[PDB]
Amino acid sequence: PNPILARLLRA
Amino acid sequence: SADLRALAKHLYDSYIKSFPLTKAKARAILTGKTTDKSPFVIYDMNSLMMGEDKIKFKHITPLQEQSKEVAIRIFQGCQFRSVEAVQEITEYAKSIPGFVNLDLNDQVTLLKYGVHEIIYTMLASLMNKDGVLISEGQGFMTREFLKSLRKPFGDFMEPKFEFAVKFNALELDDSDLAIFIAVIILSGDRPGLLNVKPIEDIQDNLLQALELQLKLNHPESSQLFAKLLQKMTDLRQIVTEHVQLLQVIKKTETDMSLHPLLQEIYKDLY
Ligand SMILES: CN(CCOc1ccc(C[C@H](Nc2ccccc2C(=O)c2ccccc2)C(=O)O)cc1)c1ccccn1
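As they're listed, the protein sequences go chains B and A. Using PDB author numbering, you'd call the opening residue of the first sequence number 287 and step up by one each time. Using PDB author numbering, you'd call the opening residue of the second sequence number 208 and step up by one each time.
To be clear, the hints were calculated from the coordinates, so they are not data collected in a lab. Ideal Cβ placement from N, Cα and C applies to all residues, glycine included. No incorrect hints appear here.
Pair ranges (Cβ atoms, derived):
1. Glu-418(A) - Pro-289(B): 29 to 39 Å
2. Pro-289(B) - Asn-308(A): 20 to 30 Å
3. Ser-464(A) - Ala-292(B): 18 to 28 Å
No more than 25 Å apart at the CA atoms, straight line, and that leaves these computed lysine to any residue pairs for SDA-like:
4. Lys-265(A) - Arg-293(B)
5. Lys-301(A) - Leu-291(B)
6. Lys-336(A) - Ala-235(A)
7. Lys-457(A) - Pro-287(B)
8. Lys-224(A) - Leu-294(B)
9. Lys-301(A) - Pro-289(B)
10. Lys-367(A) - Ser-289(A)
11. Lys-319(A) - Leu-294(B)
12. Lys-301(A) - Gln-415(A)
From the derived model, a few chain A residues whose C-beta atoms are all more than 10 Å from chain B:
13. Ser-221
14. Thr-242
15. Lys-244
16. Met-256
17. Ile-267
18. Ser-274
19. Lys-275
20. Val-277
21. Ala-278
22. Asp-337
23. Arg-357
24. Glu-378
25. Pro-405
26. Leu-436
Pulled out of the complex, with its shape left as it was, chain A reads as follows:
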């Protein structure tokens, strides 16, 4: 009822506080409806050269000196971004009512399995059919350019763009998304959850709040809730195939170690 709406609004405020680049801002940028200088477009090797110092990268040497292979430099940029995204999602998850009262080991398991699915949900907010916003909206990397990278790296983003076209077709907003992501985090079917019932209650509660939010915010979109629920399983498949590709990279390309946070997340995952 009224309390469910209050919960939705609390989560939306926490979402705005936790995630600096929202879907609203991203769309403003993607549609050219902002006063800001339009993003630098990386559509090819030369545009990547120029644009490259715009990529949000902090390390021993500048991104240009990390590898002679351009695809490997894109790999390191994406890894750095994903680490910061995991930090962001962790802060949001702690803001979710009831989350900090679960057994800490359950919080860790839920975050582990949930965070990639949440990353792919929010990545769609930064995408259109032609490419993806990077570096807090200061850059735009084309889908074609990503597809032109040598194997294995060439197939990394295509399932994400394909997912994103359908997901964006749902025309969700940030208020919808805050609850959707909270729902994904509190999945009770994650392997190894020790104490399931409190998680199941919170996820149940979030699902009623989500239902009410979509009924109020999208009155003419019939069975939108069902469509959105069906998207979570898709996200799981995306994660599975992504992990297989990552395993290829580990077994194939010389010294391809990952950041310890991502290594921790993928280790013994499923």
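So that you can see chain B by itself, here it is in the shape it has in the complex:
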């Protein structure tokens, strides 16, 4: 889950 946090953490 938490795709949005994982994407916010992957820059």
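Starting from the known structure of chain B, fit chain A with the ligand onto it as the hints suggest.
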């Protein structure tokens, strides 16, 4: 030693880069010690009407048209601000030495549980006993006005103002706060952390750096470190009671969905 001080300074620079409105700026604004036009004050329904277009809000329709209920419009303003605050905290967290080398799933868990506590730590920087700075310091919403909103919304901010009076009594500065927030993020007791030991080392290291920072910066404030450590648990209680109120709102007020980022953060939290 010397390296611990270098770590503190690195974190302070990252904090200044990550958070546009600092405690120093906020106090300058709150005490009238800035050259800038003083914030528009929202103390009541009419002042909110006038002041409202100053609230930092980007959506399909202007804030005025979002709801007939004023309390619901304040709800949407606060939600929008919290989303941007979470983005800010995420950037700071990535800047914390060692953070990007943990298992990505641990980074996500730590950010999840940490970010509300960090939001409430920094919100106090924008508060005095009479209200809170909003919209990057261009507005000031009074505590009384927030307390006058109809239930459930009337009880949202009062524990935050109460926490903030005591927390601000510690007279911390931005350099202190950068390390304090880093300490909060790297808590090893968050539910579901898969690999705990590297997190425990980094948090340990941050805690020595914090100790040294307070000894150097506040030589006459005895046991300040202990007092600050005791504040983290308070923050956890604030988050717990806030989540209960949010649950009330979900179960009570027609179509009260939240932004997907906040929904993601609260889902299965504790
Ligand atoms: C008070 N304030 C400054 C920001 O203060 C914050 C105070 C709290 C928060 C945390 C945030 N809380 C909410 C999340 C969704 C909807 C409402 C809230 C409220 O917290 C709330 C509810 C009812 C009445 C008032 C607030 C979170 O959980 O992520 C984030 C920011 C505002 C208010 C309106 C517009 C912009 N700036």
